[PDB]
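Take a look at this single chain, the form deposited without this ligand, given in C-alpha cells.
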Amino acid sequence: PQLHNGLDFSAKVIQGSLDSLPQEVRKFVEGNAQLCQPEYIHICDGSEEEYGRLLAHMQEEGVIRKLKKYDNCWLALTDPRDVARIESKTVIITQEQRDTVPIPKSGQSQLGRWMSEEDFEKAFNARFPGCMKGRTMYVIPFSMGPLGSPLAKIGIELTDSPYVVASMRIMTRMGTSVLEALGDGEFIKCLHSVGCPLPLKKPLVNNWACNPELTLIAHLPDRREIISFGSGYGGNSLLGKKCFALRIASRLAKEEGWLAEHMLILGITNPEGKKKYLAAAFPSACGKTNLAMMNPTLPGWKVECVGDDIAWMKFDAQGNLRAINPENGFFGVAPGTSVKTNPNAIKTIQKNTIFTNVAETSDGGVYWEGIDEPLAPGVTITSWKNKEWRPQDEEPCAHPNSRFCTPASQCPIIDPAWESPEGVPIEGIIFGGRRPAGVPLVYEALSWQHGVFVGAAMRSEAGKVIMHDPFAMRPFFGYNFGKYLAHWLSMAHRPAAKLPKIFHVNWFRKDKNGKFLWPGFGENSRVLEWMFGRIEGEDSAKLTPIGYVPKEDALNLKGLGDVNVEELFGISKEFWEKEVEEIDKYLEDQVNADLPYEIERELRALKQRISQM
C-alpha cells in the first residue's frame, strides 16, 4: 500500500527479489530499509561467484589485501579503536532486570548487563535512522547448525559490511537454500550497521568503517532480535557467533528444554575401535582450540573435531545427550598458533581463509607472536598497523586479539559426523581453567549436582588476577545465571536422561619456580584416555575431598620423562579452605537470592569434606 513512492524498496534490490522472500522476511528487510535508508539491497545467495566478486571489490577499495603466498587467503587491518568484542557495550533487554541477571548482594553484577526497553529504544533511535545512507544493505540468510538438523536455528542478518558477509559465509551456512528451508518458519532477526552513513561525518581510519562512541550490541530475547551498531569486529558484527549461538540461544534453550553452551565438541576413538564424544568448556586462553584439534601422542588413539567453540545439546527420546556444532567455521585467536601448539589449525588456514589484524610477510604470508617458525633471510614483516616491523620492536606485529576465519570442512581431522542432522552422543563434559596453584591435573565430579557446582565454581588466571568464569559463560549468559544453574540441575529429573560424567582439568599448574608441571598439547590425550575409561566404569579412580582423581599408575605416563605426579595431583587443605571460602562469597554476592538449593548444598558438602582432611 502506498499514497506515494517511498515504502516499496523493490527498485533498490540489486540481487534477488523482495517478492520471492517469505512474508516475514520481506517485512524485516523492508522495514529496516525504510529505517536505515540503504542505497541498495543485496539478497545474498551464498554462491562462490557472489563471494569471489565481493572479495575482489573489497580488494579494489583497500578494505582487504590478498595474501599471495596462500590459496584464496585475505587480510583485513582494522581501525585500532575497533579490535574486539566490547563487553561494556554489550546488553540484554528484558522487562525485569532479574530475568537477565541476578541482583547482587554487595556490588555490581559480573554476570551480565541489563538495559531497560525504554533506555534501548532511545539508544536505538539515536543510532539507526539513516545509518546505511550511501551503502548496500546485505541480507544474509543463515542456518546455525546443519541445514537439515532438528537442532538447527535460522537467522537473517542485515548488514552494511561486505567483511561481515564474507565472514558469515565461512562461519555459518548462508544463502538461497537457507531461505528455501526457512519458508514461513520462525527466524532470529539480526540487524547490524558499522554506523557510518555516507557522506562520512568522521574520518575513515585504515579503510575500516566503525563508530566506537556509539558502539552497542543488544539482545532482545523476547522479540527474537539482535541489534548491533558501531563495530565491524568479530563477536560484535558476526551475529551468529556469540549474540545468537550463546546469548539468544541459551534463552531459547531454557524455554525449550535444551542447552546452548560455550563448549568444544570432539570425538575420541581408542585402539579397540570404540568411539566417544566429549564436550568441554574453557575460558579464554586455556587451549580450547588446541584440545578440539589435538594430535594425540598415544598410539592407536584418534581425535576428531566436531566444533571448537559452541555446542547445542538436547537429550533425545532414548535419553542420549545429542550435540551439534551450530557453526560452519573456526574464528580463532591467531597469535600463539604454531606447529607445536596446533598443527591441525596450521593445515586448515592455508586455504580460503580471512585473517584479521595479523602481520604480513614480504612474500605475502601471515605472521604473529608465537608462530614458532623462522623466516628465510630477506623476508621482512609488515605489522597489523601497516608499518615495518622488527623482532627487536617493543610492540607486537599482530594484535593480541587478531583472528583467522576458516572453513570447518578444511580441518584435516574434522569429524565424519560433524554435520550429521541428529548430532553426536555426548558421554563426558569437561570444565577447566588456568590455575598455577592448588588445582590437580584432572578430577571427576562426584555426581551430576556436584558437577554443576564444579562448572559454577570455575576460576581462571586472566600481579596477575584470578577471576570467576562459571561454565566459561560469564560474558555470554542469555538470562539469569541462577536460573541457568537451576536449568542444568533439572536435567537430573528428566526420566531416561543419560547424564554425562563431569570432569575438571588444569593443564596449567606450576611448581615453586613457575614451571608447568604438565607438558600438555598432544600429551593431554593421556588425560582423555583416563576419562574414557571412567565413562566405561573402569576402577581407575581414587576418592578425594574435591572429587575422584586417577589412582597411582592409572594414568599412562610412558614416553614422558619424570613427571612430578605428587605436585600435579597434590591437594592442600589450606588451599582448598581458601578456595571454598571465596567460591562461597562469590556465589552469595553474584547469585544471591537465585542460587539453587543444590548448589548451596554442594558448597556446604565441599566445605565439610575439606574440614575433615
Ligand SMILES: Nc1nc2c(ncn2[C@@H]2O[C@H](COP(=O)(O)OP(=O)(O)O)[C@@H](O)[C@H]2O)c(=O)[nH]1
Given for the second form:
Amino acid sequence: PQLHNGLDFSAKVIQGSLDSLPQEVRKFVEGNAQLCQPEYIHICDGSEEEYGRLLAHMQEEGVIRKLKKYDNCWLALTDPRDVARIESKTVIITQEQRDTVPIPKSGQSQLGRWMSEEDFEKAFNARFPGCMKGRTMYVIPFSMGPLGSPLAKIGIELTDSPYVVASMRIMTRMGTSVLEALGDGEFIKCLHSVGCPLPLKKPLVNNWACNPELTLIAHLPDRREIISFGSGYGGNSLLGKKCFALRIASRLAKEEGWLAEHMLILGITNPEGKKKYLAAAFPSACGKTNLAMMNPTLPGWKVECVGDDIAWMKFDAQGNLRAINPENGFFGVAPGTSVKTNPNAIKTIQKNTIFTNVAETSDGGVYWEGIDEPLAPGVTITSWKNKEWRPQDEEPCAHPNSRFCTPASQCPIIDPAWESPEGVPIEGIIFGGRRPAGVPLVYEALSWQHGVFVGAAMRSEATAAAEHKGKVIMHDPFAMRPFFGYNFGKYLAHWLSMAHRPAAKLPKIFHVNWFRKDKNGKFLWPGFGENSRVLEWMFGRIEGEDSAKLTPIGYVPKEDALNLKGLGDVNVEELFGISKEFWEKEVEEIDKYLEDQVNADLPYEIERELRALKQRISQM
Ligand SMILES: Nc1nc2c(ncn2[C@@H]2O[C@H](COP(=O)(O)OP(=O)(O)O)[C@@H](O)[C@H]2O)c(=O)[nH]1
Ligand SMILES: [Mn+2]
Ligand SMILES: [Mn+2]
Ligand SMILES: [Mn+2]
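In place of the form deposited without this ligand, output the structure of the form deposited with this ligand bound.
Whole complex next, starting from this chain.
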C-alpha cells in the first residue's frame, strides 16, 4: 500500500513483471530501485533475443565493439583505472572481527579485511543513494551450479551495467527458469553499480563507467548480501564469481559441512581405460586454466575439463569427496594463450566470446602478448588503450589482466559430466605456486594433516591478478588468501575435520612447482602439455604404486619413476634438489607467518606438522 505514487516501480519496467517475481525477490528489487533511483528496471530472462538487443545496445553506446573476424565475438576496452580485482577495497562485515580473520598477534591481518556494520552503513550511505539515476537496473537471476543440483545456490544480481549482464549470462546460469526454480526459497542478494549516475559529472574514459575513488566490494554473510560499487571489471562486478562462489560460499560451506575452494577440476584417463578426477588449487595467473585444458603429450592419455577456478565439494553417503564447477563459463587471462600453450583455449574462444582489454587487429581479430601467431601483411593492431600500436613501443597491446569470457560448453575437452548435478569423485588434490627456487617439481604429503599443512604453507611470487607488483614471494594458503569467507584458523580446522568423517575416502595431496628456475633464470621444466608426465606419477600413486621416495618434505618420485622420454636434457639434479639451507629458512618464514596471522586460532595439528617438518629438516 501507499499514499502517493513513489513506491510502485511497475511503470519503469521495460521487460518483465514485478507481479511475476517471488515475494522476497520483488521486495529486494523495489527496495533498491527506490534507493538507487534507476530510470528503468529490466528483469532479465536469459533469452537469446535479450542477449541480442543487449549487445546491439552496447554497440550503439560505444561500450563494446564487434570482432568481425569471428562468430559473435566482442571487444570491450575498460578505463585504465578499472582493469582488475581490487583486493585492498574488498571487505567482510561481521559483528565480531574474529569471525572474519584471526586477530594477528602483532601487525595487520593478511587473511581478510573486516569492517563493522557501523563503518559500512556510513560508506554505503555515501555511495548508493541515487547512483543509478538515469540508468537501467537489470535484475539478473542466476543459479550457481546445475539447476536442482543439491550444492546449487541461487542469487539475484541488481546492476546498472549491460556489460555485466552479458558476462553473467556466460559465467552463470541466468534467466527466467532460475526464477521458477527459486520459487520462495532463499537467495543471495547481490547489488552492483558502476557509480556514475547521469548527468555524468566525470567524463568517461573508453566509454567505461566507473568510480575508482569510491570503489568498494563488501560482503555481509550474516545477511547473505553482496554490495559492490564503483567497478565493472570481472571479480568486482560478476558478483557470483569471487564474492559469491568463494567468500560467501566458504562461510556457508563451513556452516553446512561442505567446501568452497579456489580449485580447478579436471578428469584424466590412462591407456588402460581407468579415469580419475583431480583438483588443483593454484594462485591466480599460476596455471589452473592451462592445466584444466591441458593438451597432454603422453600417448593414450586424455584430459577433460570440468572447471578452471571454483570447486564446491562435499563427501557423499558412500564417503567419496564430490566436486562440481558452479560456474557456466571461463573467465581466463588472455596474454600467454597461444596455440602451443593452450590450444584447447583457442578452439573455445572463437565464437560467442566477449574479450576485455585485448588488442584488435585491423581485419577484425584479437591480439595479445604471447599469442605466438604471425599476422598477415598489412594487418595493424590497435592496443587496449584504443591507439595505433606497433611492436616497437614498450606499451603492451594487450593489458596483462585482459580477459576472455567464453561459454564452458564450447570447450572441446569439456568433461561429459561438468554439469552432472552429482559431481565428480575427487581422488587427488594439488597445491602449487610460483616458486623460483627451492621447491621441487612435485612431492606427496605424508598424511592428511601434513597435506592440510602444505596448503596452508603455500607461497608464490607476485603475479598480475590483484594490485600486487614487484618480484616478491608472499603467502597464499590454499590459493584462497583473497577469498577467505571467515576466520582462517577455523578454515584450517574445518579441513582437518574431514579426517574425522566416517568412511571418508580422503584424496591424496600433492604439491607441484611448474616454475622452478636455475642460476640463469631459465625454467627447469617445459610444463604445459608436459605436465601430463607429472600427472602420470600422481595417477600411479593413487592406485598404490611403489614409485615414491621418502624425503624430509614428503614423498617424491623414485629414480626413473617419472616418464621423461622425449626430453633427456632435463636437469633432474636441480629440478628435485632439496637443499637443507633453503628449507631451514622456509620453516622460519612459515612459522613466523602462522604465529602472527593465525595466532591463537591456529589448530595444534598444524603446529605439530610445522614442528615435525622443522625436525626432519634439522636431521639432514
Ligand atoms: N612456465 C609455465 N607457465 C605457465 C604454465 N601454465 C600457464 N602458464 C603461464 O601462466 C599464465 C596464466 O596461466 P593460467 O592458466 O591462465 O592461470 P590461472 O589464472 O590459474 O587460470 C599464462 O600467461 C601462462 O603463460 C606452465 O605449465 N608452465
Ligand atoms: Mn581465480
Ligand atoms: Mn583462469
Ligand atoms: Mn585431527
